[PDB]
Structure formats: C-alpha cells, structure tokens
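Quick one: this structure, given as structure tokens, is what I'll be asking you about.
For this depiction, one protein chain was excluded, whereas all remaining protein chains were kept in their positions.
As written, the chain order gives the labels A and B, with residue 1 at the start of each chain.
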C-alpha cells in the first residue's frame, strides 16, 4: 500500500501515457463506468462547452475522433505539471496544468546521418495548453476518476 | 490532514496558478507577511541581483510591474518540474525547475474556422527558464513561504 496522493498521481500518469499512445481502452479503464469528461473553452476565463463525454464508450471514441492520430514516426507528450491535490475521506480533487507537445521523428537515412549531424532529428512543438480537474473516488484496489474537466487555453478547431 | 510534502507541493501549485492569473492577492497570500523574494541572474552560474522584494506589498506590485500583463486572449503556463523537497521539523526547502510559456489564442472568426482547420489555433512559446528555491515554515493550517529565490537562466530586460 502506497500513499493515497501517490496512487492518485499514478492515475494522472497513466492518463498521460494512454493519451500519448492514443489507447482508448487504457484511457477508459481509469474511469468509473458512468464518469463524464467535460471539455471546455477557457480562453479569457470563459467556460464554453466543447464536448461532454458521458461514459467509457464516449471516452473511447473521443480518443480517436477528438485528437489527431499519430502518423508515421509521430508521437506526443502530455506534460502535466503543478498538481494541487485535496483528499477528503474517500474522495479527492486533483488540479493539474497541462501542455501537449507534438513529436515528429525525422526518417533515418538508409545511408546514415551525414557527417556533422548531431542530436535529435525531428520537430517538437507545443500544440495545446490548459488545466485538468479530476474528481477521484476510492475503489478496493486504489482510486478511479469519477469526473473530469478539461479547460483549453487555445481555441480548438475540428475541421 | 494530508502529508506535509503534498501540502508543500500544493503551495507551489497555487504559486503557479497566481503567477499565470497575474493575481497579486492570491500570490501574496502564500507568503509570510515579512517574506522576501530574491530574483537573480544565474546565467553562467552567476548570482547577480535583479530585484529584492521585501514583504507582501512589494510582491503584489511586482506581479504587475515585473512581468507582462496578459493582453487580449493571452495567458501563460508556469511549468514547475523536478521538485526536490527536504523537510526538517517545522521548516522545509523546496527546489523546482521552472519554464514559463506564453500562450496567445487566435481570434475565433465570426464565420467559423474555414474547412480544413484542425487543432489548437494560436501560439505557445517558451519565454523564461530557471529554478525556484522556496523556504517554507509551518502555520496552524499548513505551510507558508518564508523566503524565495528565483534564478533566471536567460537575461531579463525591463524596457
């Protein structure tokens, strides 16, 4: 048995891993069956609804349909940071800042890197920023997400 | 009652929230009345004074006068990371890396995003980097900042 705060932060870490893998099943497994994710536009401190995802199936579909799939040699990193945690009994609230970066790996030349090529080859770009607010509750073996709010600080377009 | 380390990390998280909101009163409330912030130039491992802020009023004014206000649809994210915490009784020292990013949201067109527009619209740029060193002490309900050092790893200009 580890500290509740660590178990809760572990859930957040598993969330980012699933996010960057675009793994709907790993993502959904972190939530209570009936949990909702409210995604909102927080530019200028607004609270305009982008999408409300009700239940695990809705979450699974959104992992595919609401963010770009990774094309060849692409990845992402969801840099969650500055967590604030308040635990009161069997419920907790976690607020974290987040910033998502796109990662695009250069193709490795068949003839090798030319003389004078050093360091990472590719592009890393910050592509989203905002805050997560998670409500968690206990389960027998740890903690699960019972509700989540995603606040975006850039406008989000869907094609 | 939560672990002291969590309460201390919660203070750091409230600091970043106040920083990015440019909220002088939320910022000042995290400090003991008489606390000082020493802001220093650490480029090349120097320790050249930029500003010494003595007491809450000085801190409040600096929130406005030492960093850019957010113009329309602008925000920031203070990405604190890699904390090291040492608690000895009723005092603690916390060292964190920090990197501040500017966020500028694009204006949403009245006619909507044109067909083929996907993802976040705007610009995110890393604009400061360094380390924070906080000295904290206990109060009845938790922990407060009794002293802080801000080390910048880029030169800072003030107009």
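Basically, a contact is a pair of C-beta atoms (placed from the backbone, for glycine too) under 8 Å apart; a residue touches a chain by one contact, two chains touch by 3 or more.
Engineer: If I consider the whole complex, including the chain that's not displayed, which of A:36, A:78, A:131 or A:146 touches that chain?
Structural biologist: A:78
Engineer: Over the whole complex, note the residues of chain B touching the chain we left out.
Structural biologist: 3, 5, 43-44, 68, 79, 81-87, 95, 97, 99, 126-129, 152-159
Engineer: So that we can see where the missing chain sits, which residues of chain A does it touch?
Structural biologist: 2-3, 6, 9-10, 12-14, 16-17, 72-73, 75, 77-81, 101, 103, 105-106, 108, 113, 115-122, 124-126
FYI, only the chains that are shown with their structure count from here on.
Engineer: Averaging over Cα atoms per chain, report the distance between chain A and chain B in Å.
Structural biologist: Each chain's C-alpha centroid was found; their separation is 23 Å.
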